[PDB]
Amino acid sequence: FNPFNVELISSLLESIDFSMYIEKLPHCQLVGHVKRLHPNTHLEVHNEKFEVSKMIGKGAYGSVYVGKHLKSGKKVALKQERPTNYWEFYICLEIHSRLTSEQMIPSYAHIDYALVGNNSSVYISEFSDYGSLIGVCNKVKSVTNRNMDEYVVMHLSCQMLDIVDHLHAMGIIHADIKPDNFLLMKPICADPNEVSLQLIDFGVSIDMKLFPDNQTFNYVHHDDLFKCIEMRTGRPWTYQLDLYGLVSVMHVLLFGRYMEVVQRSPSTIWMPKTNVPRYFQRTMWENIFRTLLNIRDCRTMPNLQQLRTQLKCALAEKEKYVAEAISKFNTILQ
């Protein structure tokens, strides 16, 4: 089964009368034709006017621009895609419909406004002055000429685990977890539990609530870098795809390099090719990587909270150092 299938997606949205729903939402405007986003212009969704300022990214089937909601002063990201990505709007609506935790609401991108044309969509969400984890990771390395501090990475990993855990509890697989898809929304606090990260870009996410209990998938990313362990080994997967993505992000933060996964010869166990330095919290990181990469079946996922506990315990051994490291990290962010 391939859960990214365009015709399946159309079928699913039609099965729940999605168009009839979004036609009623005051923050969604249906239009005939959506203009291509262009720098230094303005855009309206109903009564709300936005400055469209600068290009962030521009691909074959869309672009991202930074702008501002004039009334609020709120800096926004404008994401344009062709053809219209109704599915992304659906996932985001469902996430915010299923949330209960006050703690977790800022942890997921919210589509503030939607302009939906025959040809393309534009989704408006919050812009971060600090950028994605990629941008932060690279800025830190640029300034310090060192990798991100191990304990700062533990703190961020604990947060990412909490965000993914709550997402999976809602029956949603993000399906494209990478350092680009966590934004840092505000500086870190010394308390591992307040979230400063936000997961974004639900454009290819999977809603498990639309499938039977016990549904699995066996679609395989052709690209080997994005192949999760099950895809490499002729096996079904569900939530493992995100847990693989999670490790890949932890790997980039820790090492400044992208993750390559191999079997730990002569075991059948998959681990990153990179050896965790002995002076790191080696046993802990190896536990985390092994647990998240090597899952028996789709019936039971590893306990992500137990992993958070492991990280908190390590953070607790050096409270003074960690506060200093966080302080230094936040200063680099300014």
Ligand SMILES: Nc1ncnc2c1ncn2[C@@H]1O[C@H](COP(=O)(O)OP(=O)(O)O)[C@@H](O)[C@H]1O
Contents of the next structure:
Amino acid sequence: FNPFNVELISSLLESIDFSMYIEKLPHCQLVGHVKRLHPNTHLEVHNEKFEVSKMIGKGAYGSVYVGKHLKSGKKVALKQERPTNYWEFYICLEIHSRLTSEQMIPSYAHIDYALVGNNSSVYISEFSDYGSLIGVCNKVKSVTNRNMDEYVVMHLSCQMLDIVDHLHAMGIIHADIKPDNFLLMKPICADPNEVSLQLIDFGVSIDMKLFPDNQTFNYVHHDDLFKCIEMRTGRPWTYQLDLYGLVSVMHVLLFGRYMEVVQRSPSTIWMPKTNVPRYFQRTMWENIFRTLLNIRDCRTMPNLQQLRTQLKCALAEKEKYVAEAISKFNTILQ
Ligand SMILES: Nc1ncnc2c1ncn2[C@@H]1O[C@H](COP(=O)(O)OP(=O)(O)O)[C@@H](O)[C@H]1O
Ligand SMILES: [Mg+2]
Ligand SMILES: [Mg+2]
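Please show me the structure of the same protein in the form solved in complex with adenosine-5'-diphosphate, now that we have looked at it in the form deposited without adenosine-5'-diphosphate.
Following is the full complex, with the preceding chain placed first.
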């Protein structure tokens, strides 16, 4: 079974009359034809006018632009895709309908306005001036000529675990967890519980509530970098795919490079090829990586809040240093 299959997705959306639903939403405008985003222009959704300012990313099938809602003055991202990405809108709508935690609402992208054409969609959401973890990590490294501080990465990992934990509680698999798809929305606070990250880009997410309970998947990514452990050993997967992605992000944050996994021969345990330095909190990181990468089956996922506890205990041992590191981090990014 392949949960990313384009015809499956069409079938799923039709089965729940998605089109009929979004036609009723006041922040969504259906139109015949959506123009290509272009710098220094204006865009309207109903009554609301937006400046379209500068390109952020641009591929053959879409782009992201920064712009501004003229009335409120708020900066926005404008995300355009061909063909129309209904599925991305569906996941975003479901996430915010299933949320009950006041704490977690800022940590998932919210589509404020949607312009939905026959050819193309444009989704508008809050713009982050700090950008993705990729941009933040590269900025910090270029200024310091060092890897991101170990304890700042603990603080960020604690946050990512919390966001993924609540997402999985809602029966959603993001399925594209990478540093590119976490935004830093605001500076870091000393309190590890304060969320400053936001998960974005639900383009290939999986909604488990659309499938029977006990449903699993066996589709295998082509690119080795993105194969989770189950995909490498001919086994079924569900939430494991996101947990694999979490490790890959932590790896990029800690080491400035992309994760390769290997069996730690002669055992069957999978771990990153990179060795955690002995003067890092090595036992802690190894526990975290091992627990997230090596999962018995789809019936029971590891306790993510236990991992957060391990990180908070390490952060608590050095509260003075941590406050200092976060301050330097925030100052770099001002
Ligand atoms: N709301 C936003 N604020 C700031 N930057 C953003 C925002 N949305 C997207 N970006 C930038 O654009 C990149 C691509 O956006 P994303 O929604 O992930 O598109 P794609 O589906 O093409 O990966 C992000 O990794 C980020 O660097
Ligand atoms: Mg993305
Ligand atoms: Mg995407």
